[PDB]
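Using the sequences and the hints given, assemble the complete structure.
Listed below, chain by chain, are the residues.
There are 4 protein chains.
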Amino acid sequence: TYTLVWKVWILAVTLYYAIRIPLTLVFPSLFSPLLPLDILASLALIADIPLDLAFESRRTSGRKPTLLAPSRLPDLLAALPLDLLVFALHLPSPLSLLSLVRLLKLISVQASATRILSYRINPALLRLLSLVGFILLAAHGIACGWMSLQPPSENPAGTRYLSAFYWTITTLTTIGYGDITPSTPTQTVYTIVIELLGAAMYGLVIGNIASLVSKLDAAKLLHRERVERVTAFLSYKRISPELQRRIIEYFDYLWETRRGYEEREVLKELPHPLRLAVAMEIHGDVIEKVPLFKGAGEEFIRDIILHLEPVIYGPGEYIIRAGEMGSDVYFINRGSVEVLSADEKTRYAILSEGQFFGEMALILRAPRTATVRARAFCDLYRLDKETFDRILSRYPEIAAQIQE
Amino acid sequence: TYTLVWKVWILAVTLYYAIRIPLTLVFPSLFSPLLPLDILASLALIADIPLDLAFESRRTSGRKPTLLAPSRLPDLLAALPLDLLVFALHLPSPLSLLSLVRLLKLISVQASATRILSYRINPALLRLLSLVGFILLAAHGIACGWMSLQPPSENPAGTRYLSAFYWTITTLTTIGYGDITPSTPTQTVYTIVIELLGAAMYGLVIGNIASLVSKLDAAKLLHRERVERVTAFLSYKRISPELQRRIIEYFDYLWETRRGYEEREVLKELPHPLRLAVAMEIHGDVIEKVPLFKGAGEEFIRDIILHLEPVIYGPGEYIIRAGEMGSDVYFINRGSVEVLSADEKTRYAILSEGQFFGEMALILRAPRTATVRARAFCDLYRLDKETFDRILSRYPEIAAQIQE
Amino acid sequence: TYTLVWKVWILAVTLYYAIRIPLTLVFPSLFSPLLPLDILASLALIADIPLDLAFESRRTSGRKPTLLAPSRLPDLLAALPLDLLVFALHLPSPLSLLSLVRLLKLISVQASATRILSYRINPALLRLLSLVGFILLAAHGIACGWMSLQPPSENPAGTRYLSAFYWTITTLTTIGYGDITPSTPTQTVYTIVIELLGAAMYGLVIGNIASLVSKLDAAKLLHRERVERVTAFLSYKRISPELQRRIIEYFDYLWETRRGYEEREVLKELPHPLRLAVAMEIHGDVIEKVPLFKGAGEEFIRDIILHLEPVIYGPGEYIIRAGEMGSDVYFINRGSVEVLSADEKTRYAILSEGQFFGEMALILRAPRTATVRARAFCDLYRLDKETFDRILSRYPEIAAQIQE
Amino acid sequence: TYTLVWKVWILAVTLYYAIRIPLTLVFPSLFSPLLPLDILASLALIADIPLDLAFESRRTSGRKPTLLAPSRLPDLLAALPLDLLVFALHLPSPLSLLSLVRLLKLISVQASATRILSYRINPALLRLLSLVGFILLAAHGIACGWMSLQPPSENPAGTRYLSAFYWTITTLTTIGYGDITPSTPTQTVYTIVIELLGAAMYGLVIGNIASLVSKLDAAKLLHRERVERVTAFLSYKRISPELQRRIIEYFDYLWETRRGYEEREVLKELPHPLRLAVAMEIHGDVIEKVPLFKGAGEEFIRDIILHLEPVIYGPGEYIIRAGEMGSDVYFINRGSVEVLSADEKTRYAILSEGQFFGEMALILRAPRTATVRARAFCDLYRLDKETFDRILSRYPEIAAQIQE
Ligand SMILES: Nc1ncnc2c1ncn2[C@@H]1O[C@@H]2COP(=O)(O)O[C@H]2[C@H]1O
Ligand SMILES: Nc1ncnc2c1ncn2[C@@H]1O[C@@H]2COP(=O)(O)O[C@H]2[C@H]1O
Ligand SMILES: Nc1ncnc2c1ncn2[C@@H]1O[C@@H]2COP(=O)(O)O[C@H]2[C@H]1O
Ligand SMILES: Nc1ncnc2c1ncn2[C@@H]1O[C@@H]2COP(=O)(O)O[C@H]2[C@H]1O
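Chains as they are written, first to last, in my numbering: chain A, 1 to 404; chain B, 1 to 404; chain C, 1 to 404; chain D, 1 to 404.
Honestly, I wouldn't trust all of these hints.
Copies of the same chain look alike in the list, so a pair counts if it fits in one copy or across any two.
As the list claims (entries may be wrong) - For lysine-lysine, the following PhoX-like pairs were computed, each having C-alpha atoms within a straight-line distance of at most 25 Å:
| no. | residue 1 | residue 2 |
| --- | --- | --- |
| 1 | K268 | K237 |
| 2 | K289 | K385 |
| 3 | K294 | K215 |
| 4 | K64 | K215 |
| 5 | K289 | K345 |
| 6 | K220 | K268 |
The hints are simulated quantities; they were obtained by calculation from the structure and are not laboratory data.
So, in structure tokens, the structure goes:
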């Protein structure tokens with residue numbers, strides 16, 4: 001995309017400006033050798049004036065009140081080539097400090113980088129990364145200020161920049177070795193305000209990290225606290241340790257399969273067409289694999305499909321017993337069950353991976369002809385008899401059909 | 001408002017007192033030149049005694065137990081002109097330390113500033129701002145204490161105040177360069193307690209910042225974790241990547257339109273009259289634009305209106321197909337649909353921006369005469385047939401009407 | 001209570017031990033003058049062995065497995081008078097370091113102080129207070145260790161204790177001036193481990209403060225984010241600014257009255273008898289103030305009472321209009337309404353503070369005889385006609401009564 | 001388990017490598033004496049190449065794309081014996097820095113330790129422990145780097161290692177005494193990057209601690225905020241202080257018994273078979289202790305069992321009064337009730353620990369023959385008459401039975 005590469009170029013240009021403008025403010029001799037870049041950057045600095053208005057016009061233009069509002073005002077203020085003229089005129093420090101207006105583009109750059117990276121990047125991590133980048137740029141600018149308040153000396157420019165950056169990293173990280181310290185009162189005022197800013201931004205870093213790690217394992221923490229709540233309630237209820245262990249291993253299966261998410265709660269997040277499609281292709285060819293739903297309209301299939309209730313049967317659990325009066329049918333999704341007798345010694349069948357059981361109770365109220373026992377965790381779907389008749393009432397033709 | 005400007009004046013007076021009272025405690029020669037201000041401030045310091053009781057009387061007076069309770073007791077304690085008399089008498093330091101009772105008005109000032117700014121300002125940000133202001137005032141007071149425990153010298157007052165403020169900012173920000181350090185045991189005790197206080201208040205700043213940034217993007221984080229939960233569940237269910245992409249782009253549309261908020265959940269927050277008005281002017285002239293709801297009572301219109309179910313149909317999704325038995329009507333809110341044949345090759349019509357489809361199924365149970373396909377995201381509202389008859393039962397006159 | 005004062009005495013004794021045992025470990029000459037206290041404390045140190053087992057026996061004794069388990073094991077280990085014998089024998093430092101076993105009672109003291117103060121004190125604030133007290137005791141112990149690793153000198157004991165406490169407060173608060181620093185390798189190892197411990201406990205303080213302030217305004221933050229969600233949804237729905245302002249002021253009223261809590265959600269937290277009593281005395285003599293519910297059984301009154309639905313009508317809102325078919329009755333709780341004509345020019349009546357309207361629709365289906373308009377926020381309760389007949393079905397005698 | 005002990009051995013080997021590789025990088029003379037260990041470790045470093053692929057094959061093998069993907073790539077990169085060859089060749093520092101590739105196994109070790117300890121250990125605490133271990137290893141490596149940038153001297157290796165570790169603990173904990181400080185520009189660059197890393201990881205520690213303590217008392221905080229919400233709502237409703245105290249003590253009982261968890265909300269977390277088993281053995285032999293449910297099928301017992309509604313009756317509360325028409329039966333779970341007359345002076349009976357009352361209303365609509373008053377908190381279960389007939393409709397045989 002041309003918009004993405006243009007935004008990357010604008011970000012690189014603004015990073016170059018943030019690095020250079022204080023650096024050339026304290027080193028005016030650096031202004032001339034990098035003059036061919038600046039004008040190009042300055043061209044970009046005005047080339048982004050319409051293009052941004054163009055790039056927001058393609059994405060739901062609506063209203064674009066430029067030259068006003070909290071948005072696009074710092075962009076236009078930084079867009080004007082103040083830096084070139086002030087560095088050409090070689091104005092004194094109180095007036096040449098206005099060259100930092102060029103750095104006001106950084107807030108718009110951060111907003112644009114948020115907009116182009118709010119999808120594949122966590123907003124907490126994106127905010128932390130933007131804060132860290134702004135902190136590095138601010139550390140460079142603060143080191144440049146420390147240059148500008150250092151006494152003049154014949155120290156090499158690299159060595160004194162290293163010392164200034166070392167001081168501002170000691171200050172900003174709240175470490176403060178104190179080997180290099182303020183000497184003049186103006187340096188002391190500057191160190192006070194830089195200390196306040198560094199404490200503020202280090203608290204910002206710590207808070208952003210705390211926010212990032214507070215929901216780093218939100219699903220696992222939610223599932224574990226649900227398990228703890230259930231276990232505490234059962235221990236209060238004097239539940240036998242065998243059933244507690246069965247519930248614990250069920251929750252372990254739930255966590256290891258679907259991250260402990262309840263299927264019903266996840267499905268209500270979807271709208272009706274998306275829920276319909278999800279539940280149709282969850283039971284894709286599975287629901288129309290049974291005979292009673294054959295030769296039926298796809299509308300009646302979907303009326304079954306939205307009314308299927310998921311239910312997890314742990315290993316060794318009776319789904320339906322023989323002689324039970326029975327009021328439901330079950331469609332195995334990914335588990336496995338065994339159909340046995342009422343005595344559960346002779347295994348009639350083994351059903352897994354999309355087959356079903358209990359359809360006799362769907363067309364008569366006679367008790368179950370056989371017992372169904374869960375071999376392992378089943379993840380099968382239960383359709384109630386009463387819901388089946390409730391949806392059968394408004395399809396009369398298949399209501400007449402299912403007598404056969 | 002007179003109350004707001006009076007509270008601003010009281011806040012300014014208390015800030016002046018917080019700046020000056022320790023400053024004139026360590027500089028008694030400052031007491032005389034600022035005497036005309038103090039009495040005026042002292043007048044304000046008693047002028048706020050009834051007016052606050054007046055200003056809380058206008059806002060649900062109820063009970064106003066002054067001269068007692070945790071509220072209004074520090075206000076009255078700071079209201080008395082202790083500072084003027086103690087600075088006039090020039091009492092020694094252990095007894096003149098009681099002039100800080102004037103600064104006890106700061107808690108009431110913070111409470112009042114909270115009350116007048118709990119609407120347009122986030123409570124976390126308001127608490128952080130109050131904490132930062134109190135930290136600056138405490139830093140000034142601690143620097144004044146550092147003056148009061150420094151050995152006497154002919155150093156200029158400004159320079160030594162700068163040194164003291166520099167020390168207390170090193171201490172409070174937990175930086176601690178150590179260039180200036182305790183020398184006397186009393187200074188060491190003072191530095192210990194100031195270090196504990198500064199660590200406490202810096203932890204307060206970091207905690208407030210962490211709280212502020214933990215819910216800085218609460219809507220985006222909630223929507224993203226909902227999307228992650230749905231995507232993880234679908235990937236467990238072996239959902240095809242085409243449907244996963246469709247659900248992802250649906251959630252992107254939901255986030256970019258209504259911040260990922262489910263319409264039903266938002267509407268249950270409103271009470272019945274406000275929900276009625278919201279759903280009436282959401283479908284403003286839209287619901288009475290259809291023929292079957294014409295010449296009807298506005299009560300029956302509102303009975304439709306509260307029972308409309310929102311539903312989002314993604315682009316290329318079938319709302320209703322031709323030959324489907326059909327049990328609902330749809331009112332397009334802001335999307336666009338196309339009415340096509342059962343073969344979906346001949347386009348019958350294009351419907352968008354407030355028009356509707358599917359009204360035949362509202363007065364007969366015959367199948368749909370045409371297929372409706374979503375051009376883009378629809379945001380339309382679905383009214384069920386069964387709900388329509390449920391509300392039609394108790395309006396017999398329009399029940400007789402709608403046969404035509 | 002004897003238990004509370006005994007626990008306070010035990011806490012004071014353990015604080016005395018935590019202050020003294022390292023202090024007398026580095027100052028053996030302090031052991032003899034405070035000998036009469038120690039034995040008394042030692043007596044308390046064994047007097048708490050049965051009494052705690054007694055004090056937990058009064059509060060649901062159940063099982064009390066002493067001399068084992070993570071509970072009551074540190075209590076018994078600290079209970080034995082190791083300190084007295086080791087300070088009597090004057091054993092060398094590696095063996096006399098075992099006198100700190102007496103300080104193991106601090107975890108049991110913290111647990112007991114939690115149990116006796118988990119009701120009127122926030123658990124986050126209680127945890128933070130316990131952490132701060134333990135940090136102060138640990139700072140004293142660490143300063144004593146710093147004494148024990150300082151080179152011997154004729155410095156006064158108070159001055160060197162002040163220096164040691166100053167060092168451990170610099171270390172624990174992560175300030176670190178560096179004016180006093182390790183000199184010997186053993187001091188350097190000690191400073192490394194103390195730095196790790198101080199960073200750990202300062203992170204603990206910051207985390208506890210962050211937890212405390214994350215839910216310091218949980219109700220206000222929840223209400224404000226609900227308001228923001230509703231407002232964002234309505235702005236997406238192009239809701240008119242008049243209705244948005246009405247909803248905003250409704251939410252302001254809700255926050256200023258019931259802290260933004262929905263009445264239904266609060267009532268479901270209560271069990272059936274408590275909900276019954278709450279809703280009975282909310283409408284105390286209010287529900288039996290109307291004529292149709294006179295001479296009725298209190299059981300039928302309570303069947304009305306649990307089925308009353310609260311609803312807030314904002315000022316200037318129509319509750320019921322004249323000519324509306326009407327299916328409910330309303331009991332004003334604390335608001336005020338005006339009964340006017342269909343034209344709403346002639347005011348029939350003003351109803352407030354426990355009276356009612358709309359009872360004709362409770363015994364006939366004829367339309368409303370007059371319009372009811374909300375003067376201000378009403379907080380009235382709505383009883384539906386269908387619910388009224390649903391509960392009237394199983395009281396036949398008053399079903400026969402209400403025809404009159 | 002062989003897998004667990006092999007993972008422990010791998011963790012120990014990688015900890016040995018993390019301790020030694022920088023230590024022998026700055027002390028080449030240490031490479032030869034520990035050569036027999038390294039090769040053994042190197043053997044383990046390749047012995048984990050198939051075994052991990054084996055150990056993930058036993059646990060739902062599925063796909064194992066080794067030699068690629070973000071997983072198993074650092075494991076294989078660290079698996080190759082780069083360290084042995086580079087320390088044998090004695091290559092210079094820029095090329096011998098590649099021996100740290102062996103330390104890339106630490107991320108896989110952390111992941112494996114997470115997987116083997118995500119069950120009995122809190123994920124927040126596990127993350128914090130892994131972070132602290134990685135911080136200690138990084139502190140050792142950073143101290144080794146500080147050695148490598150220190151000027152050469154005849155200082156003892158232990159003493160200078162102690163000084164380097166002291167410096168990196170001052171830096172990483174953001175304490176920064178400044179007694180030992182950078183001297184050379186390369187040391188200053190190293191200190192800058194180490195300061196940034198130490199601030200980052202100390203913010204990580206503080207954030208992890210904040211996350212750990214934000215949900216350290218999640219149940220207690222949730223219950224307390226629910227109690228505060230209910231109390232604030234009732235105080236708004238002018239609820240009498242007697243009923244407020246009764247609700248407060250009910251919530252205290254709820255917290256002290258089931259941690260304030262609502263029974264219904266906990267039960268919906270369970271699936272249908274687990275909920276069936278839980279509610280069956282909660283009423284184990286309790287539900288079939290009553291006469292009307294005798295000689296009945298176990299299916300009808302379970303149909304009762306899933307439809308039992310828990311309800312807490314506080315002490316002195318009327319469950320059912322004599323003369324009340326009555327529409328439910330109650331099964332006492334662990335509380336105690338007294339059956340008295342309508343005048344409640346003559347005590348008919350005392351029922352507790354699994355017995356029941358109110359069964360007459362289960363087979364007739366005549367009013368209650370006696371009043372039932374709660375002696376203490378009851379925790380009994382309520383079965384409605386309407387639900388009883390609703391489940392009785394589809395068992396005709398016991399529907400005929402219960403007339404007797
Ligand atoms: N021999 C069999 N082969 C396959 N399925 C069977 C067999 N016997 C029983 N079943 C299934 O097991 C179910 C048990 O309950 P139903 O008798 O309701 O319906 C039964 C059939 O779905
Ligand atoms: N020619 C048309 N012009 C406008 N709307 C149409 C036309 N044909 C069909 N429709 C609408 O498309 C709907 C499809 O479902 P129904 O047949 O229930 O009701 C149909 C009408 O609402
Ligand atoms: N004159 C009146 N005095 C008191 N209440 C009235 C009067 N006229 C009407 N109302 C009440 O206002 C209500 C409006 O709706 P209804 O007619 O259903 O029932 C009406 C009465 O409860
Ligand atoms: N004498 C008694 N012994 C035991 N239980 C009784 C006695 N009298 C009443 N009850 C129980 O108390 C209940 C009160 O309500 P019911 O009359 O519906 O049903 C009653 C019986 O369950």
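Quick rundown of the hints versus the structure:
Proximity of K268 to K237 under the C-alpha cut-off of 25 Å is restricted to the inter-copy arrangement: shortest distance 16 Å between copies versus 31 Å within a copy. Within a single copy, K289 and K385 get their C-alpha atoms as close as 19 Å, which meets the 25 Å cut-off; across copies the closest is 30 Å, which misses it. In this assembly of identical chains, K294 and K215 lie within 25 Å of each other by CA distance neither inside one copy nor across copies; the values are 47 Å within and 52 Å between. For a Cα distance limit of 25 Å, the shortest separation of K64 from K215 qualifies neither inside one copy, at 36 Å, nor across copies, at 29 Å.
Taking the closest pair of Cα atoms, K289 and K345 never come within 25 Å of each other, the shortest separation being 29 Å inside a single copy and 31 Å across copies. In this assembly of identical chains, the alpha carbons of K220 and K268 lie at most 25 Å apart whether taken from the same copy (21 Å) or from different copies (19 Å).
Violated hints, listed in ascending order, are 3, 4 and 5; each of the other numbered hints is respected by the structure.
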